[PDB]
Each structure stands twice: as C-alpha cells, then as structure tokens.
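For reference, the chain that follows is the form deposited without this ligand, supplied as structure tokens.
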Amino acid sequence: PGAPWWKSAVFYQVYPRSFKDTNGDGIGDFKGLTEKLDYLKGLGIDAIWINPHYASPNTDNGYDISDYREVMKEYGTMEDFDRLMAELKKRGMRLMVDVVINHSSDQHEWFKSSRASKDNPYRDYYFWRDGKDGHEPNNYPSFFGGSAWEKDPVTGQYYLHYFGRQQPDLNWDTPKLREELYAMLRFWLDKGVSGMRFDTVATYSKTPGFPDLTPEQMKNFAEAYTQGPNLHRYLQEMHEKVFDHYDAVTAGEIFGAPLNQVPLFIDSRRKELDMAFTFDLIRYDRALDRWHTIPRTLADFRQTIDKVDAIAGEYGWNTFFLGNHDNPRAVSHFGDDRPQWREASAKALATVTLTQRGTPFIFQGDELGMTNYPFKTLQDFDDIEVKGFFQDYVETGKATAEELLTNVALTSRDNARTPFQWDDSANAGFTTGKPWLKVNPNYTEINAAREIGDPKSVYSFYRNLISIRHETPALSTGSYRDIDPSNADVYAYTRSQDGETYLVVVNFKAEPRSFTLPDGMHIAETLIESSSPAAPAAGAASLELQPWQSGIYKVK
C-alpha cells in the first residue's frame, strides 16, 4: 500500500495569540497568520496546527471555550478563518485545529443552563455532586490551583473542573452531550479542516463514584485522571460517528497516561486516533509538582525516545516534538541557550527533530532558535497555571514567592508564548502596539528577517533539514534504531527503508567527541552537518565531532 500524507508531513504549530498581530491590540490574529503563509511555505511546512481559535473568555487563552461554533473575537471573524483556509489551500497546505472537549468555559450556554437546577435538561452535561463530610465530594486537586470541585450556591452542589474553575469538565457519560460534541466536530470538518488535535484526550472518562485518590495517586493525579473506565469506548464511538465519515487526521494529546497504554489510542486497527502526542520526553526532567526541574542526561533522553518509539509498534504512529505552548523553549530545555552555544545546539536539536520516526511538529520560533524569557518577577507571568502554583505553594507556606519564581522561570508555559520575533523593529515586528506578553529582549539578535537571508542561520538549517526529510523516505517512515541507549554523550541512530540506511549522529556535549560506527558500517555520503569543519571521508568507520555537532549520513 502507501503511507498517509500525515506520516511524511512536517507540521508547524502556531499559537495565534503570539504569532502575528495586524491591528495593534497586542494580540496575534488570523490576518497575521494568513499574511505569513508564504513564510511557512518557504520553510517547507506541509500543515499547521493552530491552538484554540474559538470564542473564549480567555481565562486559559483559548482552552476555555464559550461557543464551539464561533471564532475568538481577538483572532477575527469566521470570514477571516475561511480566508486562512482558502490561502492555505492555494499553497497546498493543510490545517489542523485544536479540539478542546474535556471541558468548556463556564460561560458556555450549556453550563449556564446546567447550573440553573438539578432537573435542568443540561444538568448532566457536566459533573455535579454533593460535598462530603462538610467539604468537597473528594480530594481531587486541580491542575490550576486548589480543589477540582467548585461549589455553586445556585444549587448547593459542586461541579468538577480538572483545570480552571472557569473550565467545568464535560460529562462524556451523558449520551446527549456526546452527540452534541460529535455534531460540533462535523461543523468544522464540513468546512474542510484536515486534522484535529485533541486536548487532554485521555481525561474524558471520569471514575464512577468519584472515590478519593490514594496518597500515591495524589502525588501523580494527572495519571489517575487518565484511568476512566469508559475512555476508549468513547474514543471508538467518536471515531465511528465522526471521523469514519471524513478524511482528516486525528492527533491526541495523551497527557498523564502511562506510556504502555498509548497503543490503545493509536493502533490503527482499534479505530480511535491516528497519531500520539506523548509527554514522557518533554516532561522527562520535570518534577511531579510540575514546577521543579530534575537533572537528566542524554541517556535518559534517548532511552525515553526508545520506549516511545517501541510503543508505536507496526500499527501505531507518533508525532515528535521538542516544544509546544505548554513547555519551556526547546533550545533552553534540551540544548544550551548560552550566547556561544545557542545556535549550535539549536541546529543539533533540529537535526534530531527532523530525523525522528513519526510526524514532527515544529513549534513557532524554534526554527529561529528562540529561548526562554528572562522573567524578573511573578508579575511577568500571565499563565493561570503559575497563579495556581502560588495559591497551592506560596500562600500555603510550602515555598516562598522567590523560590516559585526561580524555579517556574525554567518551566513555565509563558516561555513559549512570548511574541514571535519577526525582525528587529519595535517589539520584533510582532505588533505596532503593546504585546499582551513582553517580547524577549534578545529579539535584536534572534529574528526571522536576520536569519532568512543568512545561509548559516538556524532558520536555513531547519529549511534544509526539511527538504532533506521530504526527499528521503527513510527519514520519515523508515525504521528507527538507537545505536547505544547507554551513551550519555553522543546521540546516534539509524533510519532504514527498502535497503537505504541513514545514520544520524548528534553530539550533545559542548566538547569534542568521537564516534565509532557499528562494526561493518561505513559512511557512504554526507547529506548535511552543523558545526562541522569537514564531512567525513567516504568509507569512514568513525567520526570526530565538534561541540554540539550534528549530521545525517547515508551509510553502507
């Protein structure tokens, strides 16, 4: 047969709010994204995944939807959305929208009705329960602060919200609710959308009776929330009633789920989702409280990739990303963002990103080498999640304001949300007004305009890597094999398909290193290298690597 277009595609994630503003209000919009399609096309992007673009009070920047069938006021009108669609099509590009159906805004008409009374027709579109022993129904904690249960004096019961208090969870146990969600998905799919990314898709099913989480589960409640007994039953139904009638690719954000359960979501034979967004890697050095970091090495990094790949099997498929809107900047996180190493390590990570088995997603700005932001006070963060950490850890006396700042500065989601750096004009050319989130001062050195015309820029390297990937089947659908899972210095692996085998060698140390190819393996040709003074001689049996050097070679 043949592999789907999404298995050989290179996606680009656009956070509209911080991509390109065109009316000076400081917030990115659709016209802004539409004006930059030539930029993405030139980069070689095949499809774009945009974060939530629906009507929202923005307590969680788009993830709290008040109307699934209207566009967010800040981004434009439905017409603007249609225009984005048409322009993407004119360039042969596809659009993947974000689907947020684990919860809705508390301003959604379903919730407004739901809270009116216990006998209301929409009561069960959400989860309402009586408190217990004078307190909340159970000990469920919220990702964004305090209890996952909020009492509503209108009825006296508590409603469930894994996330923000203004993000009540939708009740998937209710048939009419599921039917409404399916009809909503068809609304967008009928418009031609080519893909859907499902926000926290593993938390749709809630545990019957809502018993308390054990002390252990409390430590990792995110995992417990992914163990609903009707989860896959619901996913199979959605696929049967919706996706079976369209030709769109589905990608689930399987956050919190044990890696061993991932196959249940993506094995094609199961008819659930097409691709998986896993977080074992991107959160591989994150503490359980989600705001502290834990030192890891390349060995942990590669081994995690190892496991995630193995999980895909023969019928599953992974997406591969080193960054997104919920995590610190790739180069700062996995590379070395210091001035002398930023560019070298950003290129090294690009090589990794574009040579991994699965569908790679490039997060806006990483192709430029953008870094974390130099937060100075807690007021510099906008993220509701940080306010949650303050409520749960500072106001409770567990940590000082300074300790939260020091640590959250390295992990905060806002690191990835600062305005895209287009050029060195006012606010990096992002807006003519005041950006909703301050632009990183390093935009004077790191910006698209400066990198586009420079053959040695991080941008040009990405572009070239993307062309190489597009021209080399093995680099997308080829098998993957880690040459040495225990090596904590140089990441080396092969990609093979129909006889053609390629070698990827990336030095993760800011020091010279050597690499000996597996016995019998020799270099045939060098497709590309970064930070390398010279390609290896044809027939080479080993490689001498410069600090943070990366390379792709066809072997024999």
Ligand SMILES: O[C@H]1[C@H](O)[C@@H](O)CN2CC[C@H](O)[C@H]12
Second form
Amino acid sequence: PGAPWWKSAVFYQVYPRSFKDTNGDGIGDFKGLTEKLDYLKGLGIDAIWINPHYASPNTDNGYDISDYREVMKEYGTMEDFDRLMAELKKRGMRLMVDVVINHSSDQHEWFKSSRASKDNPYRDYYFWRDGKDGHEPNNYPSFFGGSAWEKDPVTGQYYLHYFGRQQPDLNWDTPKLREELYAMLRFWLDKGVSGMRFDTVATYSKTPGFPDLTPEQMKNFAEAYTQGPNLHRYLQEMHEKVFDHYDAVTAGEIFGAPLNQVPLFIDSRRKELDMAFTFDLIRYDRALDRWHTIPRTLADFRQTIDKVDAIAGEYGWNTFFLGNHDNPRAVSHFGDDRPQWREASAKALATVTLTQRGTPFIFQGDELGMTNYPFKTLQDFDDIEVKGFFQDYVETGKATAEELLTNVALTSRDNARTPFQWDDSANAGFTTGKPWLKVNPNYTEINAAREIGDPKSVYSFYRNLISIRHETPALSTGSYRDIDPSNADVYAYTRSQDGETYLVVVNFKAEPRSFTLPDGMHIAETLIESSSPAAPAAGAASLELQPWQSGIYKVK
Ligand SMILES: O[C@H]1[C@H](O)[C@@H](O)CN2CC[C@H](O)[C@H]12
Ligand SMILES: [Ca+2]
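Provide the structure of the form deposited with this ligand bound, given the form deposited without this ligand shown above.
Up next: the whole complex, starting with the chain shown before.
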C-alpha cells in the first residue's frame, strides 16, 4: 500500500492570539497568520494546527466557545478565515482546527436557554443536578479552581464544569446534543478543513449517578474523568456519522487517561481517531498538582517516549512534540536556556523532534529558540489556571503566594503564550500596539529576522532538519529502537525501513561524552550535526561528542 499523508507530514502549531497582530489591538489575528504563510512554507511546514478560532468570551483563550459557527471577533471575520484557507491551498498546505466539544462557553445560546428553567428543551444539553447535604452534588474538583459544580439561583440546581466555571460541560448522553455537534463538524468540514483535533476527548462520557470520587481517585481526579462508560461508543458514533464521509485526519487530545487506554482511541481498526496527543512526555516531570516539578533525567525522558511509541502498535499512530500552548518552552523545559547553551540545546532538541517516530508538531517560536518568560509577580500571569492555583492553594493556606510564583513560573502555560518574536523592532514586531501579554525581553537577540539569513541559526537548523526528514522515509514511518533505555547522558536510537537504517545520537549533557555504536554497526554517512567540529569517519564504530551535540547518521 502507501501511508497517509499525515504520517509523513511536519506540522506547526499556531496560537493565533500570540502569533501576529495586524491591527494594533495587541492580539494576534488571521490576517497576521495569512501574512506569514510564506514564512512557514519557507520553513518547510506541510500543515498547521491552529488553536480555537471560534466566537469566545476568552475566559480560556478560545476554549470557551459561545458560537461554533462564527469566527472569534479578535481574529477577524469568516471572510478572513476563508482567505486564510485559500492562501494555504495556494501553497499546497493543510489546515487542522481545534474542536472543543467536551464543554461550551456559558455564553453559548444553548446554555442561556438551558439554564432559564428546569423544563426547556435544552435542559439536558448540560448536566444539572441537585446538591446534597446542603453542599454540591458530589466531591468533583475543577481543574481551574474549587468545585466542578456551580449553583444557579434561577433553578436551585448545580451545573457541571470540569474546567472553568464559565465552561459548562456538554451532555453527550443526549442524542439531540450529539446530533447538533455532528452538524456543527460538517459545517467546518464542508468548508474544506483537512484535520480536526479534539480538546480533552477522553472526558466526554460522564459517570452515571455522579457518585463521589474515592479518596484514592481524588488524588488523580483527572483519570476518573476519563472513565465514562460510553466514551468509545460515542467516539465511534461520531466517526461513523461524520468522518466516515470525509477525508480529514482526526487527532485526539487524550488528557488524564492512562497510557494503556490510548490504543482504544487510535487503533485504525476501531474507527475512532487517527492520531494521539498524550501528556506523558511533556508532563513527565510534573507533579500531580500540576504546578510543581519533580527532578527527572534523560533515562526517564527516553523510557516514557519508549512506552508511548510502543502503545501505538501496528495500527496506531502518535504525534510528537516538545512544546505547545499548555506548557513551558521546550528549550527551557528539556534543554538548557542559559545564554551559553540555549542555541546548542535548542538545536539538539530539534534533532530529537524531527527524528521521532510519529507526526511532529513544532510549536511557534521553538524554531527560534524562545524561552520561558521572567515572571516577577502573580499579576504577570494572564492564565485562568494560575488564578485557580491561588484559589486552591494560597487562599486555603496550603502555600504562600511566593511559593506559588516560584514554582508556577517554571510550569505555567503563559511561558508559551508570550508574543512570537519576529524581529527587534518594538514588541519584537508582533504588534504596533500593546501586546496582550508582555514580550520576552530576550527578543533583542532571539528573533526570526536575525536567524533567517544566518545559516548557523536555530531556525536554519530546523529548516535543514525538516528538509532531511522529508527526504528520508525511515525518519517518518520507519521503525524505532532505543539503543539504551537506561542511559542518562546520551540519547541514541535507530529508525529503519526497507533495509535502510539511521542512527540518531544526542548528547543531553553540557559536557563532552562518548558513544559506542551497537556491536556490528558502523557509520556510513553523516547527514547532519549540531555543535560538532568534525563528522565521524566512514566506518566509525564510536563517536566523540561535544556538550549538547546532536547528529543523524546513516549506518551500515
Ligand atoms: O488548553 C486546555 C483548555 O484550557 C481546556 O479546554 C481543556 N483542554 C484539555 C486540557 C488541554 O490542555 C486543554
Ligand atoms: Ca489583532
């Protein structure tokens, strides 16, 4: 046969709100993105995943949708969206949109209607329950602070919201609701979108009766929220009624679920979703409370990647990324963002990202080596999630405001949301006004204009890597083997296909290291290296590595 285009594609994630402002209000928009398509095409991007672009009050920057058929006012008009679509097609590029249907905004007409009385036809489009013992219906906590149940004086009942209080969860147990969601998907699919990514797909099915979580379940409530008994039945129904009739690739953001459950969502035979977005790797060093970090090593990094790759089996398929809108900057998180190591570790991480088995997603700015932001106060964070931590940990006295600041500065989602650094003009050329979130001061040295014409820049390294992955089948769809899962200094692995085998070797330490190839394996050619003064000699049986050196080789 032949593998789907998405298996060998290189994606780029665009967080519109922080990509390019074209009208000075401080917020990125569609015209800004459209304006930059040549830039992304020049980088080598085959497809783009854009975060929510629908009408929204923005309590959660797009993830709280008030109208699924209207574009977000801040991003432009439907006309602008259409133009973006057309310009993408002109360049033979594809678009993947985010689909948020676990919950809607509390400003969506379905909710306004639903909440008005106990007897309207939209009551069951959401979850309404009586409280118990003078308290909420049960002990369900919300990811964004306090209880997941909010009382509404109009009826005396509580509505469910796993996330924000203004993000009431939709009721998938109601057939009419499901049908409205399907009609909604076709609306966008009919416009030609090539892919759909489903925000927290594993939480659609709620547990019948809403019994309290046990003390143990309470310790990782996210997991219990992915245990609805009708989850896969709904996902299968959605595929049968919708995707079965289209040519779009589907991807699921499997948030909170144990890795062993992943295959149920992506095994092509099950006819649910095509690709998986998991959190195991990107949160491999994150505490349960989500704002503390736990020390880990390369050994933990690779072993996690090893498990994730393994559950894709023969019929499944994974996405791979080191960054996104919900996590700290890749170079800061996995590399070394100190002035003297930022570029070297950034290039090394790029080598990892583009040689992994699965479909790579490059988050905007990582091609430049962008870092975390130097937050000084809790007020420097815009994120609703941080407010949630304050409510749950500072007001309850479990931690001081300074403790929260110290720790969340390294885990916050806002680290990834500061304006993309185009050049060194005001606000790194992101806007002519005041950015919605402060630009990182390091924009004077880290910016696209400065790296674009520099063949030694992190940008060029990514471009060269993308070019190379595109020309080497084994690097996309080939098998994967970790040479030594327990090694905490150097990450080395092979990718193979149709007799050809490649070797990737990446030094994660800021010191010289050595690597001996597996018995009987020899360097045949060097495809590329970063931070290396000399390529190995043909036939080499070992490698000498500089601090943070990376390389892709064809072996024999
Ligand atoms: O970005 C968030 C968003 O705030 C919510 O709609 C929930 N989603 C699931 C968790 C994932 O990170 C994503
Ligand atoms: Ca704007």
